[PDB]
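Student: The chain contents come next:
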Amino acid sequence: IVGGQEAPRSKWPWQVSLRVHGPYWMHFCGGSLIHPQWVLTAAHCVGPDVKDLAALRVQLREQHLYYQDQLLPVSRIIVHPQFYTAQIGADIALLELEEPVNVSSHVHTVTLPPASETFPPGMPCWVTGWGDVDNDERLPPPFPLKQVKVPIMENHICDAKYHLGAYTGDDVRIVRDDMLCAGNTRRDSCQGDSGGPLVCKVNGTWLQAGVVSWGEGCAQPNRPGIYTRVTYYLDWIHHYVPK
Amino acid sequence: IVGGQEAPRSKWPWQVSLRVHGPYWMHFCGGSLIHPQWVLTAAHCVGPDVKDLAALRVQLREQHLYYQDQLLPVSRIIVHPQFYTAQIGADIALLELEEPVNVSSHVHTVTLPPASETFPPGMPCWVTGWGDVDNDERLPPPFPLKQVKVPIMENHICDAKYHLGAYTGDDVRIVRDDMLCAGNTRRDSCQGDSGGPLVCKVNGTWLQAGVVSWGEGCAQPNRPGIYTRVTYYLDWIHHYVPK
Amino acid sequence: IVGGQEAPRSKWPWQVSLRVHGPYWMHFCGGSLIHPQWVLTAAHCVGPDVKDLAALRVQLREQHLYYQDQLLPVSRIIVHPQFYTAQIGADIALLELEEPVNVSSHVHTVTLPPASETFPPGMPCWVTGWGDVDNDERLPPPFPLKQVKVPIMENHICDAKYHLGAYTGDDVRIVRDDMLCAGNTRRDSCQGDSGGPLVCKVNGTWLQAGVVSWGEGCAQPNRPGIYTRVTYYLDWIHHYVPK
Amino acid sequence: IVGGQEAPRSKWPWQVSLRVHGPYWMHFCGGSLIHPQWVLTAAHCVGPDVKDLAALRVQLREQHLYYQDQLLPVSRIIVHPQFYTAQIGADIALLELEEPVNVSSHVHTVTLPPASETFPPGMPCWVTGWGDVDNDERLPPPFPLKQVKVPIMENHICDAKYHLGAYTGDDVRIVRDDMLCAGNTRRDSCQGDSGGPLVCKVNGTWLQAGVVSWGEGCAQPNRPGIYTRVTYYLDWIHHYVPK
Amino acid sequence: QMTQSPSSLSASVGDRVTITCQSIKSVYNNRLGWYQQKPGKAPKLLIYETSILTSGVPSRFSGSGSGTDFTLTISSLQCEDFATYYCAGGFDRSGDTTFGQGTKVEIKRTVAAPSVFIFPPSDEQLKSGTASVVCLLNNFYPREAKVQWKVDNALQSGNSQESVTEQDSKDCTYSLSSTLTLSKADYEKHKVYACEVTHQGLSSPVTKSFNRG
Amino acid sequence: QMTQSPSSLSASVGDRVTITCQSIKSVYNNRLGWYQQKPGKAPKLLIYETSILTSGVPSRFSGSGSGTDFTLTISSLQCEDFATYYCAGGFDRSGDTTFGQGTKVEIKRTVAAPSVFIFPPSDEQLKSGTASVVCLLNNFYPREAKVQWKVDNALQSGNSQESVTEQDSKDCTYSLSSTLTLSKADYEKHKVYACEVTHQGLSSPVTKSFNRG
Amino acid sequence: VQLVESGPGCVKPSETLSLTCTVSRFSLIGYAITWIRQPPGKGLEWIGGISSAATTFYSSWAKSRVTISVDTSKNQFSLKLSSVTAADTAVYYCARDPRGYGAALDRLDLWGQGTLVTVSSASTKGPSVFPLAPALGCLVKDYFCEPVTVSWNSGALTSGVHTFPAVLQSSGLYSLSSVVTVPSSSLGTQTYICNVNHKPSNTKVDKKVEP
Amino acid sequence: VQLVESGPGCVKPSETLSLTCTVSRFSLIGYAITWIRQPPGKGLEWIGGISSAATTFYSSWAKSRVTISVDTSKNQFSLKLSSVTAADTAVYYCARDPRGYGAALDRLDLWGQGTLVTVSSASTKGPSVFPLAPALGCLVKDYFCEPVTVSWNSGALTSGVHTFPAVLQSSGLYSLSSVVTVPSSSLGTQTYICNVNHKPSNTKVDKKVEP
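Residue numbers (the working numbering), protein chains in the order written: chain V, 6 to 248; chain E, 6 to 248; chain U, 6 to 248; chain S, 6 to 248; chain D, 671 to 883; chain H, 671 to 883; chain L, 5 to 215; chain W, 5 to 215.
Chain V on its own, in the form it takes in the complex:
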């Protein structure tokens, strides 16, 4: 997270950390709890090549990484069939937990938006995670969960932004209809925030607008962060997640 504070303890109960085996169960990607047994995350964290489930664990909302690890196992991974790279699109994936989670005041699911929501510019949206804090800098070793409030851009304005200073012809669409844009030179997600939720407070309710996907570096001029547009994939999600 570029910019922003440490998060208040109560504030983001659906945030998940994904761990990979090694000398220790290292954090590598974020996610969100959308149902007591399902986690929503970015496909490029787990694909396109298949992974052994021996190597993966899920951690719920701790405040500081690694201090209180109670690693949950994963029963299955599902990746959108259209995925191959993040710039092509369909960067979305599902994890099914072996054991369901006791929902609690401290651990609660995020709400998915109705398919009619567009999230026009000006909305109040936040992104959260344990990713890097400046363009090359690891989060320092207390490892707090950070948060930042980002601006939203309309897609066609975002596509124009990406064409500045590039050789790509202006006929060629860079930012696609299954994507969403947010952030600016002061406020962005970064490495290791991938797969984390972007949420917006619509009508008093927190809805997940998107998933941290890709960008041309962190906080760079005329390069907003690109997010997977969750409403675009609702029919694919509800084929598996028991609504």
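These are calculated hints, taken from the structure and not from any lab test.
Some hints here could point you the wrong way.
Straight-line Cα separation of at most 16 Å, EDC-like style, residue types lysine to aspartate or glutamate; simulated pairs [as the list claims (entries may be wrong)]:
| id | chain 1 | residue 1 | chain 2 | residue 2 |
| --- | --- | --- | --- | --- |
| 1 | V | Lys166 | E | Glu67 |
| 2 | H | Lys778 | H | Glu836 |
| 3 | H | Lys840 | D | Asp766 |
| 4 | L | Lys78 | U | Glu11 |
| 5 | L | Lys67 | D | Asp766 |
Take the given structure of chain V and dock chains E, U, S, D, H, L and W to it, following the hints.
Tutor: Just chains E, U, S, D, H, L and W now, with coordinates in the frame of chain V:
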């Protein structure tokens, strides 16, 4: 280059090295001399964001890097308008030299194929460059030009191989019609060979079939190297290069 | 610490961590609380060149580094006048805290040995710290305080071992009378444990025998760890520390 | 070498490079040819622990490393019995070549000084090598032999300078009588120059005054480079080298 | 709950064998594996997730299955492939998971004549008034052997017990230890002691003997 | 120039042996080594610089020496330690360096009865008017065996040749192939063919036979 | 990297059995453990296990009587079974699932050695031992509550050793015989020391074989 | 990482013999090679070698007739011996010294396989081959200029194969027999293909064994 020998001095006169400014004019990408004033190379070496020509130089066919550097300046860069990432396609670019080159027995242009050539499997094709020699290993500090002979695969067979061991749906085309496949677990290009030529000896004449583009690592099982298919772009090339 | 467990919470109340300013107050060396206002540590952690006290802080006994930091400031540093490098000798130093420490059941001073104690082989001695865990491996990110029980070697037997496999003449003393030897190829201090205490339980009382000083790598054959012999410097210590 | 030029081809015929096995025969230390079968170098390049002669080769005076390698084998290594670390002293060693070298106008031995020579300040002295060029910077990949002219400093003045800004007591000798000092903040040897010769042109003849030994970083204020004083060890050298 | 078949089999070296496992339902998510238990030691995982070969296992072993019925197959038998085999699988999460009853694989091989030995009772038995005489057969095949004890030519019955090494880990043959139990008050009664094996792979009875002093 | 001793030896499994090498001068700088040559393959370095054990060599082997006289010693013999051994050393640089004459190590072991077989002449010999009958002994010990050929009970002499496998790499016994050379014009003369071994580890002569049709 | 069980070997009826498994390397933070039982001659049965999330699962019959637990302060897993009966005599194993599932049997990759538990009314007793005169061997007799272990020259004599299955004497005590085949030229030439121990009475004793 | 020799196998008297060794991996830049000779039944003799510095050393007799050379463009070392005589028939080896000494024999760590060279007046000839009716085997006969190589099922049948030393028939041609012992239940049950080649006539031929 994974596998293969050091190259004989006479053998590959069109090979070019691209240098970037730094503590020294470091090699970063390959190319080929196709006309006394034009170099053909991969777009992802120079784009999609625009580069200052102050920071770029070209070196013709030395045998060992850095020992004889007579760095030529570059007047213009042209990148295919459709390019944005190597997996999407159109990974091709042109450099126009400030000063034309004296063609000589030791410095000669490669011949571009006629648009009807397909390069079917079984042809004798080679790739050359100063790239890495194993999956993480730099070329050791004498820095010789290496070469290897690779096998050719038919595209639809190559696309099938890329689906093995991946989540990607079998309907989704990974290897596209503007691309070409070559190599195997014993013989491949690697990093820093990008942009180099792949040539095949057809009817006694060396023709450039492709440009080193991308792959899922070097010499990995069921992951052949992917090359830009030169015949696909002839009309774009001959808009600038005086045939 | 090579070998050994995580430490029980109650067990080592005098252990200190030294922090250096940076992107965060990083741990770099250990020490021990010997009086409510004085810390004993290795000279090579702070010298021989002079340090700005702006860049230094002391952390008292926590269980896991960084999770509960309450950084104490340092008023003065005193290094033994004879010190220049660890192999020459006199690798010992004192820190005077700005503010005295409330001694507590959880924070208590170690006892210094009487000058007559020799610590003969066979004694039960331990060393503790947050240093590296194998020859090149950082302690993983929960950062627990570790402990190991080491054997003691008689000096002249230790000096003999250091001559095996070396060009050094057998007349040349390597291990000096102000030093002490401990450990074996399974049990040793390592990098970042420097300056930490070695303690032995003599007549029911824990006494500090030495300070972690130097060695030819960690847990290597015929290379025990070398420790500064605390009894050798009592007169120098009690010139400053109010007995 | 900090400061100074590339060396003229004819100028330093006794310069030697020592190579260690690896992915290639990498340069790690310098030396000088003092007799058709003997090389003089620093002990800390080869000791104090014993080395397998399988892993070592000698290269005579080339202009650029690696481009013309003709690696000579080594029959024996001799290290001064008093050596254990460079700051203690006796940092000197001998290599005996398997095969003697054809002395040539391009490969010639340096002359050792008579024991009465002191090398007072103001003499014209040079040091040469393929070591690093700034405090952390490798020599760039054409790898030329560099040279610099340093100032000589009287020992007791040098010893005083090493006390500025240090905790070490002024009674404690840092720079010893078997050592010699040279250089300044603009002109010094550095990493990988170790073991190389320091030569002075006395009465028209080049004599080797010293061997590159140690220092507190490269070109640092009030930290001249320290060299082993060759005249101090003549009787040890002529026990083996046939005068 | 599962059944596994066959409950037993016998096959020569160089043969090929297959084993089946069955169920009333299907395996929740390719969760079926095969274990090899050598005699006297912990079971080893061989195949997991229906068909992934465990690393370091020689690719002699194979298996696949249709969710309800599963198969395990050897390339060709060796002697050290001798083991019991079990399928195991899981039909849900947290609930119904079980092993099968197991299949024991035994090897046909060429007959081998028993090597016969005998050893006297030693000091501390007699120094405690006890005794025991051991007679030994090595590397014989098949298990069909019969050993009589005869003492002063008088045939003995009961008063003896036998034990068998289950299999030779490389020869795939058996050793047999036989012991005549005795006291000193009996042991002093008779002077000559002999054991005599009849076994199908022999020309004849063959007797080996000693005598007390 | 060097001498090595003994020129040969024989020793049982579990024994210990030592070999010496000598010289008129001394070795320039610990430059002496020992090589193991298995039959039919390249020599292997075992010890170098008088006493450094080559990596991966089991530390059964040892050696040391006083510059002029050197020794090589086994912990205890196995069957696959069977080899010829050579010392090699160098007395200067560029000049006098040589191997020794070598020592061949052979193993004492228990007698073994020859397993005897015979095979008829096959098609293409007879279809070319040639023939050859092979008789075979396996895993016998010692090399002392004698094979007669008898045809129609008539004893045959000459007209036969033998060859021997030098040693069994694990059993340390010998196999022997014997061939009766023949033409078709001779082969049609006689109907019954037999070979019969006498060997020291047998009860008796044992005959194995066939007949032409 | 390995598990080790621990247990009493012998217990009487109506005590509670306790067992303990310890992670010999690293910490199995993230991993799971299951307990497996094998009655003599029967196949394997599953007792229960604990997941990486610390959820415990129990087999059908085990819920009435079993408790499984974990203690990171000792790097240990523990099983307790109440109200034992003679039918509980079996080998017990601990094994690891690398996915961390608390209730799965298809991928138990790493196993302990297992320990016998014998449920019986009897007492412990130590063995007697004797040499066997020279082939040659070593003999162990009249012990109770197996296993017994036999080793020659502290195990340096790894080679050729046969060891036979114990049988009950009608006296209610087990006996076993250990044997090697060697050529007679080896007699005296090799040291042939016999070493024996019997954990259920902490006993260790040694004797040499020689004519 | 290995050396390979190459050579003609057969040469007549008074030609010059040529041999060649090739570095199968990396480049032996920095290393040295020596040539070793072994006449039948005799011990080893040293021909010569070349140091890491490219200095050549020759044995006492070899200086009259030998040349050793190196060519980095082919990653090869080469030996030439002039004016050969019948007494030059031997196995020839190339071997590496890791210290790079041109004239040392105490530390030859890595060896080629070696190749026979036979000095003789005769011609080459290819072998004939036959099956042996079933134990079972394969037979090769009447070849000249050994070696001959025999392999079953392209070598997949690694197991149990005996192969006997060749003997001269009085006709001046060598013969050899290859044999395996197997239980008769294996007949037909295993494919038992025989494959044969004879490099000194580039010949390769195959045949099956079956009753």
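Student: Which hints, by number, does the structure contradict?
Tutor: Going through the list in order, the structure violates hints 1, 3 and respects the others.
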